[PDB]
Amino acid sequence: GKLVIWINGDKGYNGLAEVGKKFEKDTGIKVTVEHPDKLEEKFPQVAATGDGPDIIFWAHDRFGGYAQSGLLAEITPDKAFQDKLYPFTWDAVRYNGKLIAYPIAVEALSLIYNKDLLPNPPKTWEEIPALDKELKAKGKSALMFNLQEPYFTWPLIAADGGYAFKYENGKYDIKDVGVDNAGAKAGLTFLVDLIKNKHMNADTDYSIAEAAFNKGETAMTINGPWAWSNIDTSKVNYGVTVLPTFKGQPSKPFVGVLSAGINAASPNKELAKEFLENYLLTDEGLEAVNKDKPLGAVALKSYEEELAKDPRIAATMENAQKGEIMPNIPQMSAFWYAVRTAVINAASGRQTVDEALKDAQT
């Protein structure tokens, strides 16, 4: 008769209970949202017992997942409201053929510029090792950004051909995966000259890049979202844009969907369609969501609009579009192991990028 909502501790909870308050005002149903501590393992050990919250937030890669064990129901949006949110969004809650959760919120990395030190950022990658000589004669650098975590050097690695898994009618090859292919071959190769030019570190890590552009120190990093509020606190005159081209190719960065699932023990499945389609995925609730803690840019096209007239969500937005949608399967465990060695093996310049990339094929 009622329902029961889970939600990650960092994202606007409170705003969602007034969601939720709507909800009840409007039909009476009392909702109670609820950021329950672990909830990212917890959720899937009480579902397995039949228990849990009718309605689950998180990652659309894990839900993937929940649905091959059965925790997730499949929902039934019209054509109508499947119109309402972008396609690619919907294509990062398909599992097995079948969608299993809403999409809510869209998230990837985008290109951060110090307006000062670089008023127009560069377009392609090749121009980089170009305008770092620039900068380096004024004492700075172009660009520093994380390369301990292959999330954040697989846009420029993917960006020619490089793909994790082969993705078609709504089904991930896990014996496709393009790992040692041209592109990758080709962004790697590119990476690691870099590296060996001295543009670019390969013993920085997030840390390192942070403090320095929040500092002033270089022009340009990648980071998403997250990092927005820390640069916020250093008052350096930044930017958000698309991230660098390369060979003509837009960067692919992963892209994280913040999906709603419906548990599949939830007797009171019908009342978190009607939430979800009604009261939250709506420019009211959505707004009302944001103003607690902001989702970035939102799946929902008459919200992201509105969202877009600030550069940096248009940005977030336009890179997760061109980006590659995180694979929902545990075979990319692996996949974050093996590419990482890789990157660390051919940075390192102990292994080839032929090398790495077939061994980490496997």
Second form
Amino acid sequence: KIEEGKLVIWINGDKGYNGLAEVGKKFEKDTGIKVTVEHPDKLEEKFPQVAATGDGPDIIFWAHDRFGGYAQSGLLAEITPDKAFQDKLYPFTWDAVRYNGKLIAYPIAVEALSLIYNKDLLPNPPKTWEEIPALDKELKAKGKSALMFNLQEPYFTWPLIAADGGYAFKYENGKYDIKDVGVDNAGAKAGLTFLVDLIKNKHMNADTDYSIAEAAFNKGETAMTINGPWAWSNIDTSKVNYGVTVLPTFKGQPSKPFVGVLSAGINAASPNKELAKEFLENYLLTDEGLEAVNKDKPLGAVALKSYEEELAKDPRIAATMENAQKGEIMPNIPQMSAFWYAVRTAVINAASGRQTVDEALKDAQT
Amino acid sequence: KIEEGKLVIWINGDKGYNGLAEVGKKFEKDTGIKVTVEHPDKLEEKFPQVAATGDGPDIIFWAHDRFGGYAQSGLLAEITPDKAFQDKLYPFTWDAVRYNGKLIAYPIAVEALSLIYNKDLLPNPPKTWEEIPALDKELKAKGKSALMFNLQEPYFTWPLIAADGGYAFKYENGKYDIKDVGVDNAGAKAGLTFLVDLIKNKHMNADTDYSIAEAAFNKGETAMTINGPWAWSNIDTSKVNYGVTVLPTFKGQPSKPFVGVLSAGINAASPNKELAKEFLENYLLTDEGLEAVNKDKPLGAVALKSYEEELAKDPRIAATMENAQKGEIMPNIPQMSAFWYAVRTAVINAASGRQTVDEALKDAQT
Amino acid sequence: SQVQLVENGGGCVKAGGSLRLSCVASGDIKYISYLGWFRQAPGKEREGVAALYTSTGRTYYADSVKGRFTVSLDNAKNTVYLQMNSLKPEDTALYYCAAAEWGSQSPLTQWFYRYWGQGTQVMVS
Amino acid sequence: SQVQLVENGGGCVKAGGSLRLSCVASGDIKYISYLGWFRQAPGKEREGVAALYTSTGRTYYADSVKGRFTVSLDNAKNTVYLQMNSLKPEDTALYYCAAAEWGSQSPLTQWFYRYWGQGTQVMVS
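Given the form deposited without its partner chain above, what does the protein look like in the form deposited with its partner chain bound?
Following is the full complex, with the preceding chain placed first.
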């Protein structure tokens, strides 16, 4: 069904499709094989539908969390990169694209949460979560607030909760243990206790959400906030003198934000696997290809070191990369719909006071 | 949920709702209890939905085939008519409202197929199906046709097929035997063989449907047609000198058209059962009530004899009543969706020549 | 109610324009053999505009819309469509979707069908 | 795709009129926590118009439609509605329905949501 002799790549509309087109033009200049770059609407839904029928693009771009389900459906073909190319990418990036003991996709970009602080109101961001209460009291003495972020999302509340050993699913030898869940362990209990203590001590509002936090930080009312690279453009428009650093530690242990890796998958029914692999290894995943894509649309942290140290001159990119390295790679199994539901319910119950921290975490675990 | 002290009756929009309103006005004049008459849209689906929640009208008017399913769902309350009132209605009409050995509703009107013939083109309609080929040849000698009707409907093709003992479901002692089906018996085989012989001998067209038959009859191109009371207005508008008589017999046995009986059911959750029964027995099912409802909208044959011999002065009404008496009463169980599907497939296969009569009837039976 | 009909695709179209409507049937619809379309102007009797016979593919059209409307059913999607071509201002009404396992009268009658949809509105200026 | 979104109820409405849109979610929708509405003019970027948080009932509205649109979800019918009150000619666009289990960005972004509907069109003159 897929026409041979050419490469079809489907990418999301918020990424660098023009840069991907430029890389494809370089590939066709080098080899004589044309490359088509598209940004289909509802890609995350149409790609499995067309792949289940033996059709679709030769190369697919998406986050690694759905690639596990795609491999379960058999829509992804196993890649065979040599050790020379494997050493060019980070071990955790390679881990993010491993399922059932086999590599299924090529990491491209790495995204993770980071601490965003106001330089004017706070030249030195705190390195620990325990300093936040004192800093907030000092700022309230001046009529401001220290830090408020999305309490309505488990994706945002996880770094504090899982700082001291908390984890979603146990990962051992390339397999995730579903029956082993650390939602109600000692570290997560301590993290959620610290969060609810911060809420109760009027340091943070339990009803604070993404819009409120973003507006407050962009209006200069807060010293710190927690957000990903996607808010950098909004803050730049707001012209706030902001900095990005590593997330504060809890009891000496670094925070563990969820890590999302953009990765390059190969269709199982695609008959152009050899040329797709060659393109990815030698023309796309290179310094020139990454810079061409970044010129169109920024990618933040990248899997390639050769581009990673070059991007490291940006403090925001360096902080995002170190936060991703110290964080938890997002697994790729369907049960995290239930995981998100349970953790969200536990967080809402703990913040609203209907249930205690231990009861909420036990309910989330069960 | 249903308000006491008043009667709520739901009727279809094609029936005599104004006559029902007049009967309710008579009831309220006589007793002091107001009666509300409504014709809600999508009644066939609305009534079970509101009855499943303990709401709905006190009295429901619909054909008896759905009343069996309604009683199975428990939406109909058992009626207790005395022998004096039971003798006022026909035994087969009483049979029409019997499910699980208990009476569930009050018969009102009886509808069935009848033979409609052109008086000008045929003063004496044939009494047997075997005369139809000769009559059709005689009329074709004058460039006309004798009889064509809807061959695409099992409801229309059943009278000829089941004339010599064919039946849908075996009925014994107030219960229908699902496992006993006479679709492929000798009588049905002979009837379908006669039908396919008529089709093959160019006496009738296998592609003839309701619209074609109706247009041909109202344009004077045919001598006979098979239709119910619903078309009588159309022929009256077409000003064709038409007559209605008993359906032709097959091998000495009368045809057995499906009989649909309009009946009055009582909601199980309705707390006004006593007054509803009194109204039905003494004010609605009377000569004055039936004549008012017929003046509003014609009902054709009626269950009451006191009005049935009154309406018998009309030859069309008399023919419809005798055809209903001689025909097969329509049962009230859900599997006739499958019965209609199987009989339709068998008829199409037999008429189109893809399968023989025996094979088609065997497939319908299985 | 195991059988549900949902209508969509109604829009604001100028005179002479083309529009298409869709009606999705869900549930136990294996026994449905007649698919019909009805339009009802506000304060007006519901009139039959098209009808389809699933078993043989036979189609029915009214005199006012004969040669202008095309109705078809997609078995692979369980959806029936009607093509509204060469529109006129008189065509504005609330368009309904109807389905029935069987019937004893003409397939262009509202009482012919048992299952009814919510309906969609089409306006022609 | 086990989650399907169907948009209906968009019609040709004069200026200042009131219209209500409906979006029915079917399938395994127990894990969806965000319901959002998006509109897209022809040849224009898809913009967020409203968003709903199922867990707590929190609602989000854009600046241009704040105080004019009302979005609500019916749990007993698995259908989300949006009330389009005080319409203006600038409000004409193709209105989409979106749903997502979770997200890392603002709920008014098109990339926030995973499930997308076919879309209904509303014109205001």
